[PDB]
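The residues making up each chain are set out below.
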Amino acid sequence: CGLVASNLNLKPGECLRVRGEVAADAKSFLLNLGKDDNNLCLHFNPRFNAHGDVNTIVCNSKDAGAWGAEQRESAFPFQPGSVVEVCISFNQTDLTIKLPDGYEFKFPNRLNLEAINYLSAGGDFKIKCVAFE
Amino acid sequence: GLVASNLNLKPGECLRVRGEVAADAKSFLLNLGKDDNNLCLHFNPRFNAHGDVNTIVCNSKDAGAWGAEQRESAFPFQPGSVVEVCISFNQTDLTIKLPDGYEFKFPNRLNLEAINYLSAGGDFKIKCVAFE
Ligand SMILES: CC(=O)N[C@@H]1[C@@H](O)[C@H](O[C@@H]2O[C@H](CO)[C@H](O)[C@H](O)[C@H]2O)[C@@H](CO)O[C@@H]1O
Ligand SMILES: CC(=O)N[C@@H]1[C@@H](O)[C@H](O[C@@H]2O[C@H](CO)[C@H](O)[C@H](O)[C@H]2O)[C@@H](CO)O[C@@H]1O
Ligand SMILES: [Cl-]
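Top line first, the protein sequences correspond to chains A and B.
In terms of our numbering, the first sequence opens at residue 1 and continues consecutively.
In terms of our numbering, the second sequence opens at residue 134 and continues consecutively.
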């Protein structure tokens, strides 16, 4: 729906900075990181209003097409109709997600993927920049 | 280095790509188009490849077929360095802005109104991609 990027070969130790514009009417947006569309080490989905969630961040994994156990975050530094930046650090055991306000939290790497080769965006978000750091 | 689709780049926008050119570089390329078989722009600076030495080769690809090459003298590129290129387009041409200030045009052969595919490859490592 939004950007799909493959042929990446991000490895442990490297950082992704993603800046985007959140829609005025945003309901939800997501960032998928993984091997391919069925093997996601990280599905990051801030829900403004969707699936029954309100101002909640839902994080999950996807293994061979099937979703894992959700993990919710109540930290919610996102405003509809804004331009935000999120940074994801890929470590061996887990991922660190750094929010626009500085807040950080971790998510485990349940796949035990050694690299990130796929990135996708969806929902109510317009990718503006992707950086490798 | 990267294969991207659903880019939906439109006229009026500027695509900015910044990356580092390898120490022992032979070539690097940026492809823009519909898909891998249908490119409105293959931008390939060759430090030394296919017989070409310090030359910028540009072309199109229509249904898998390369089109007529266009060669540029300007070669504001040094190996081992970090470069940035800015591409914008319209119905008739693609404008490519290089480091030295340098800039040229390339015809919009397929007359695409939106660019959905971008690939980046060769002796170049992508540091950032922006849509301004
Ligand atoms: C509280 C609770 O259990 N809610 C869930 C939803 O989160 C879930 O929605 C799916 O969530 C996955 C992430 O795990 C993807 O975001 C997918 O897009 C969502 O639809 C649904 C269905 O799986 O189940 C409960 O409603
Ligand atoms: C002088 C000359 O005509 N040389 C050409 C090549 O440049 C060309 O190589 C391909 O060129 C396309 C651009 O047209 C891409 O850069 C592709 O990667 C290159 O292989 C070849 C092959 O089509 O034809 C002549 O040699
Ligand atoms: Cl699979």
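Please keep in mind that the hints were generated in silico from the structure rather than gathered at the bench.
Certain hints may be false.
To be verified - One side only, chain A facing chain B, incomplete, derived with CB under 7 Å:
1) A5
2) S6
3) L10
4) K11
5) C15
6) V54
7) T56
8) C129
9) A131
Cβ atoms here follow ideal geometry from the backbone N, Cα and C, with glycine treated the same way.
Verification of the hints:
Interface hint at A5/A: satisfied, since its Cβ lies 5 Å from the closest Cβ of chain B, which is below the 7 Å cut-off. Taking 7 Å as the C-beta cut-off, the interface hint given for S6/A holds, the closest approach to chain B being about 5 Å. Hint on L10/A is violated. Least Cβ distance to chain B is approximately 11 Å, over the 7 Å limit. Violation of the interface hint for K11/A is found here, the shortest Cβ-Cβ separation to chain B being roughly 12 Å, above the 7 Å cut-off.
Because the smallest distance between the Cβ of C15/A and any Cβ of chain B comes to about 12 Å, over 7 Å, the interface hint for this residue is violated. Evaluation of the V54/A hint against chain B yields a violated restraint, the C-beta minimum of about 28 Å exceeding 7 Å. With 7 Å as the threshold, the beta carbon of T56/A stays out of range of chain B, its nearest partner Cβ sitting at about 26 Å, so the hint is violated. Checking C129/A against chain B: minimum C-beta separation of about 4 Å stays under 7 Å; hint holds.
The interface hint given for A131/A holds, since its Cβ lies 4 Å from the closest Cβ of chain B, which is under the 7 Å cut-off.
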